[PDB]
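Q: Here is how the chains run, residue by residue.
2 protein chains.
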Amino acid sequence: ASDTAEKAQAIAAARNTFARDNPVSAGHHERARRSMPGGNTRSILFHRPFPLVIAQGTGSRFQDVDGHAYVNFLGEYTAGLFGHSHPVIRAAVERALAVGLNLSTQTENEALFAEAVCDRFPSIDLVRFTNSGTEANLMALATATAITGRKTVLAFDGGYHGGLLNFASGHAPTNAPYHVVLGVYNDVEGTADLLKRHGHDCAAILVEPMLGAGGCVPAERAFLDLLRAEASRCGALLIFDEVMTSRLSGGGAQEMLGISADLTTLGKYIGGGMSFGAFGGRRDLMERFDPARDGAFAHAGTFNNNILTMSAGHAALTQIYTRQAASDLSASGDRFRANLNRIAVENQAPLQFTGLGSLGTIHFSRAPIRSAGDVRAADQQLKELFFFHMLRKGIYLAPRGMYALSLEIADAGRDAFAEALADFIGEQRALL
Amino acid sequence: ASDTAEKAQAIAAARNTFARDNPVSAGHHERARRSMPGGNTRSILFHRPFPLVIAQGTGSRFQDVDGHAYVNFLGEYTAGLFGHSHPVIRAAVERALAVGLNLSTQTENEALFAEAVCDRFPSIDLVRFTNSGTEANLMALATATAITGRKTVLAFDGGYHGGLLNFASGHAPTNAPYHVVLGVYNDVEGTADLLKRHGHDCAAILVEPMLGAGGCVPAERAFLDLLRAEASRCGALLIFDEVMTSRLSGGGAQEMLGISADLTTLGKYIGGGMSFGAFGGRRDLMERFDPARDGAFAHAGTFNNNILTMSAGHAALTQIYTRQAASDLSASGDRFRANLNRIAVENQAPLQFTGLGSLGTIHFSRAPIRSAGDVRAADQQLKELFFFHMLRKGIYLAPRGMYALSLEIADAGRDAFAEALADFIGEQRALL
Ligand SMILES: *Cc1c(COP(=O)(O)O)cnc(C)c1O
Ligand SMILES: *Cc1c(COP(=O)(O)O)cnc(C)c1O
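Top line first, the protein sequences correspond to chains C and C'. A prime marks a further copy of an entry chain.
Each residue of the first sequence is one higher than the one before, counting from 13 in the entry's author numbering.
Each residue of the second sequence is one higher than the one before, counting from 13 in the entry's author numbering.
You can trust all of the hints, since none of them are fake.
Since the list gives no way to pick one copy over another, a pair counts as held whenever it fits inside one copy or between any two copies.
Derived SDA-like pairs (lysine to any residue); straight-line CA-CA distance at most 25 Å:
#  : residue 1 : residue 2
1  : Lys405    : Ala424
2  : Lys19     : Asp306
3  : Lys163    : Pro189
4  : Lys19     : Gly438
5  : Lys163    : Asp213
6  : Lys19     : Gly307
7  : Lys395    : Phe309
8  : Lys395    : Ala310
9  : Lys395    : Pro61
10 : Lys405    : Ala31
11 : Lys395    : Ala25
12 : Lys163    : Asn187
13 : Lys395    : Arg305
14 : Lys395    : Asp306
15 : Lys163    : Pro185
16 : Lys405    : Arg347
17 : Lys163    : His191
18 : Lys395    : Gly307
19 : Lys163    : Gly182
20 : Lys19     : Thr29
21 : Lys395    : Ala308
22 : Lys395    : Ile355
Please keep in mind that the hints were generated in silico from the structure rather than gathered at the bench.
All chains should be built: construct the whole structure from the sequences, respecting the hints.
A: Pasting the structure below:
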């Protein structure tokens, strides 16, 4: 996928149309720049020429400050599973307020939520709550390094484990300075080599069962089988980062695969749209945090047990996104992704959607997408054009071309997405 | 302060009375142990024989599951500034729900909140939001290490900077493996020596202007003057962890001191009781996160800009805890602490309360409390007895003897606290 002047000119024109369409968002951006770096507090939300500012949303719909309406296919990078105004989440928030905020003590609600997590995730015997997936993964590494007394962590290029463990572009100088060795996702022979070299000092292997932010790239069974066998052989803890993949069945990727990680990290939708993360796993590892134990590890955090997350999360798992709901949404998402790919094939379009269940990302290539290198080698210019095209069609998804279907997406939204994809292929024929 | 058998017997009896008083909390604990390590998800909430479970609370009051009522002097370790059911916070939550949850985009609300932070904190030119003080301090270290290209961080024994940077008991194997050198809090000559040895590779000095969790121990001006002069001299970033101290005036400890840190971390009450943290500081440091810049640092995080925190936090700073409110509460807290100390002096009690403004901790010693070593050397057995005594009197504060006055504490609560302290001194005369 080589950059062309024609594609760059098309991007320039699309950015210009977006800018002309959205002068109020542009004004907001100039003001926001005065208080936050680049008017930004979450890097992924920025895109050129400037990001949209949204005024309000209900269900699957939102409206920008210029008055334009969209269907939200982004769904908060998988956290926004309930849409913008779910009545059961609202009711949980109301119940939480009636219990009381900042009670400075435990409530029964945290235990009920923990039970709901333990009931449905087959390798989580005990769990602790954090305030983000970033904290969950940090605590999983804290656990593995403290238990094993080892320092080396095996992770994968393209892997994303939060703001301090971001390997989406390889090593980053802002990452917490764990001794991380990066392998290639899905590369069996290369990873086997790394584990022979490093296994002796390996505290943990940290891996998503599908690269999420890194392109909705499913792990192959052979790759995960290697990690499970070698973690056990060398005495490293296998950590499955299921922050995104947990939604894929009642029991996440582990239920689907019949493979158990030693620790599992969770985040995003499970707190019902409230701040949330969790790390859990084997009883004998997690019991090291029992505060009554001699030599207990400490896991602090002011908002860990906050009543809003405990209430909304329990509702999310037991009242809304039940195990059957997870199966249904994943089957719905599979049919959706298949339809998009069918549209590509029918039109001889050099593009595909990868992913699992209700999660997907477009890639402008028909080569196998198996690692971060494959994702990067696909056409990035067409990817940007696709984002702006979908916006003009009233469809909002990630700038990077990822959707994550919420429970509020229905036939009308799915049809509109499919139609807009067909229109993109037609209108951009010269560039494809 | 030496352990005696008499004091241990008194602790045994107090624990037994607590247990007899609270069989329903005891039942909850046994069940909670099945899903969370030690039935716990936040280490500080555990105490022997078991912790209370709270059923509900409004204002400054709460009720445990056995039906006992208390005045909450803990105030969520300073986060619970608004009490359990503040109507202005409720209204902000309602407004947030009307805007919409998980909108997957920026709203104007994040910019308004950032402006409110920048307006009142005199050294914060630009700010970014995180989901906890733990994340804020981690991002401050990420910033300092990435900008300077250096690895060494100077922090202080007794210092607490979140779940991955906990030095309350010195080094901990679960802390993120930053190269941290620990000094003695308030030790000018010792710290000067460390900075001569380490200043060349010092990325940052990380310090609370008052040890919070570590005993409400004010920093002396000479100590902070050393840190500011030496950070500037060697090119390390001075980071003031104001997660607790920010409440002490309109502009936190920095306004009071007339000393500016290079970066400031914030947390706890500023998000209005919602999940919250922030790091901010000098424009030229923070602009490194402008996503439009060549070589921009990334700062991710799903819930950074969540509408509940943006709304409630803006309300917290502009509608409730204004700069004048901060001055008034700190003066109120000073009068309160002075009254407690007066009661000690009047009764020849070998105890004191240290702190600033509306924050205080009891120490069973009349020696100067200037460092973590002083805190640890004070009588820990009387400290535990004090906690149980206050509970029996319907007064709830931290097991470690810390209070953090909320805006809902009034004359009745303050009088009851003072009375219960006098009663403790009288009833425990044999042990004092
Ligand atoms: C979003 C995400 C995280 C981080 O969670 P925040 O709550 O820190 O965004 C970690 N891992 C994966 C796989 C994620 O997708
Ligand atoms: C509570 C606290 C933190 C951590 O904040 P969480 O939101 O991570 O509890 C960090 N620093 C200080 C000084 C604190 O008091």
